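Presented below, as structure tokens, is a lone chain in the form solved without the named molecule.
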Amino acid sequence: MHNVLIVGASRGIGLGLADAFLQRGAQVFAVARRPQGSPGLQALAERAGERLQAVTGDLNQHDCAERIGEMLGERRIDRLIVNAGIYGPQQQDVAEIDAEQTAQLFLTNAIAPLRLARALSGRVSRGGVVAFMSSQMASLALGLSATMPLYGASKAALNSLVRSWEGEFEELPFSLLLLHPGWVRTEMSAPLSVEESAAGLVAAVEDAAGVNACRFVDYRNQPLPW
């Protein structure tokens, strides 16, 4: 059975990804700060039974990889999706951001996702896929982030760290994906649904399985420029 780990699965796109992988017959491990308070996860569990396993965890805690390891046991991870993202300060103003907000923005969106992926990487199947929720706002060539510079810069830093990780290998043992989910209703009147976005992202993730490449793609599996 395909083991899929979705970090940040309580609602929105994270939940949608769990639902979409379950519909494909995967065993899904869904991590959230408070699994039990998620009506979406509770409804998935009632439908999927033991094939959906909830993990209490937070990417920003030091023990998160170990808590995940306890739930996985000997199981290898075929697909690892880190779905983390905060906006940062609402003002998105370099003149105002303080040390605590800076630390929180770059730890949450860039450093902690790599930290967790790396910690678990030894359990990832050869020819598997490790994917990070990124953003079109990370793209320097598209340069679309003027109204949210801090968020975009945090996601550029994520993409940078991931590319640097790639550089440590002679040959990648799994694919490394940076994903743009689209402008998703309930995430960031938006018509693009969680279901459509999640279906698209799952297809993109599956398309990278066995390729062992680093790609920056959207929910249509179209490449984004760096």
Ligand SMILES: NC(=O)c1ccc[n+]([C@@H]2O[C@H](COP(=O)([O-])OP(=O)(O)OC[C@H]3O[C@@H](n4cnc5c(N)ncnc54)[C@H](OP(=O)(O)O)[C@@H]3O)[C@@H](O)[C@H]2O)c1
Contents of the next structure:
Number of protein chains: 2
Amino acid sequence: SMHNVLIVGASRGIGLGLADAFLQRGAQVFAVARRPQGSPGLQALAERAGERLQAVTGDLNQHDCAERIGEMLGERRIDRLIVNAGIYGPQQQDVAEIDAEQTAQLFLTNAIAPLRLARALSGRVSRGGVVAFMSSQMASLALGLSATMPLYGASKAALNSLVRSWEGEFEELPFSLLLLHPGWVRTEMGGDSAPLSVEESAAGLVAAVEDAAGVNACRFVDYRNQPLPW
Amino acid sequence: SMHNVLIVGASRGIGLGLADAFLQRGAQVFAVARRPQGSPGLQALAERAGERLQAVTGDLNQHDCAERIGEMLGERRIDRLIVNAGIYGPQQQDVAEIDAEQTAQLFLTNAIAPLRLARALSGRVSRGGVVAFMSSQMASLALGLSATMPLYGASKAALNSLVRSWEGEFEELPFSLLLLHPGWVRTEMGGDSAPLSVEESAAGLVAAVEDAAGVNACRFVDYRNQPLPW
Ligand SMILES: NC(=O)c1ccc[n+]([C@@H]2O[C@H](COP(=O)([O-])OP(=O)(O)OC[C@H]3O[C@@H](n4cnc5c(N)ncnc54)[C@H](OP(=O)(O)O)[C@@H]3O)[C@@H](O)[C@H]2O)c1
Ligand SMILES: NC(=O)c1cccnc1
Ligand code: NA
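Can you give me the structure for the form solved in complex with the named molecule, which would complement the form solved without the named molecule we have just seen?
Next comes the full complex, this chain leading.
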């Protein structure tokens, strides 16, 4: 079943790493970015993979994102749908200072928009496919690591909650629903202290995604496919 | 020996029931509401309890809320602080339709503002006291029951996250941190429409709050003081 892979937010970082790693496995990759032409990484993947990498212009916060993606896919089904795009929220991560506009941006971008998009595309997802949302270990209540970055963590707890609630709408899950912790990865957000490379993270995430295909389960797992507690 | 109990959001519903229940125990209650004079319930409690119920105008979303509360308390320490923020969010509970203003209102009211207020008042809380936030069963990832009300549920998962993040800022808790599920006073089952009275819910929550005094723990509990999973 691993034919058509859609990565939402693929210009750089983990998302670009995912596009690369799925291409290396022989997938047909639809790589959505806000400004694809401005991504040297995606341009380098297009050079290498040719027509197996299709760059798609799109924006997770735009309500026409699913329609653009569908117009582009035509009748093609999505085997693996990965929502990767995200933000951090205010740099000081201070619940005492975040304002209304920041709050709306943070919870729309990191929690609501992923569900809106995935839901809008869900009828095009192959039965037995995988819909995966990049989450974080900061979303875990039990781990309690969200002190490190409380606003980001809360946004990802909200994401996890909305994915569990979507699961609850189905009498029988038609695809898997994954919440993925990529590890702490050297990206613009992750910074120089992050212990994992994008390449290591993405390799593992690809395996976790593939391990859920055909299982129709909801899992919160890391890049080693190890379960994280809620 | 009369404890000082501050209830933020006390004009109706469980907030009003908590004020009533604490008054019946002999506490000094400060009952904060947006428009106290327009609450017949609070007016009836003021009439019955006299000075032991102080109905205070205040709004968790206003940037002077903590300041006004403090000016009003003077040097009185807060033995029990109960934040009964809560709005449902958009009635359709639809990620495809929620806009920026609604998103800000939902996550500020239900998650961010409660923490902002509690944190600002923290130094006035009695050591060995209790700070409690009204959460919900719908916040629980493990239960996963929030399909009917996904946005409300996600807003309360965000609350639980932010409370856990605050917990992690302390080497040892100076007071308990509770997340409360009040139960369902009304259900969508016609043959089981009213399984719990507000007065029983409030009485139960008071017992749960009192059970945490002096424990200095973080607990997610219902009105029977049963633990809910995260
Ligand atoms: N790095 C880590 O250590 C780490 C740890 C835990 C979880 N995560 C999660 O893993 C995901 C990827 O993390 P990351 O560090 O590689 O990158 P990120 O900073 O979270 O996201 C950056 C990528 O998202 C795109 N993006 C942002 N907003 C977008 C929008 N409205 N529409 C379309 N694309 C948008 C960006 O494209 P532009 O080039 O156009 O900006 C970029 O490709 C995120 O969900 C993040 O929360 C990362
Ligand atoms: N989940 C993580 O460890 C994380 C999230 C965002 C930035 N850095 C690390
Ligand atoms: Na990056």
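Only residues modelled in both forms are compared. Positions refer to the first chain, counted from 1. Just so we're on the same page, rigid core means the largest C-alpha set that superposes within 1.5 Å between forms.
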- If you overlay the rigid core, what runs of at least 3 residues show Cα shifts of 2 angstroms or more between the two forms? 189 to 191
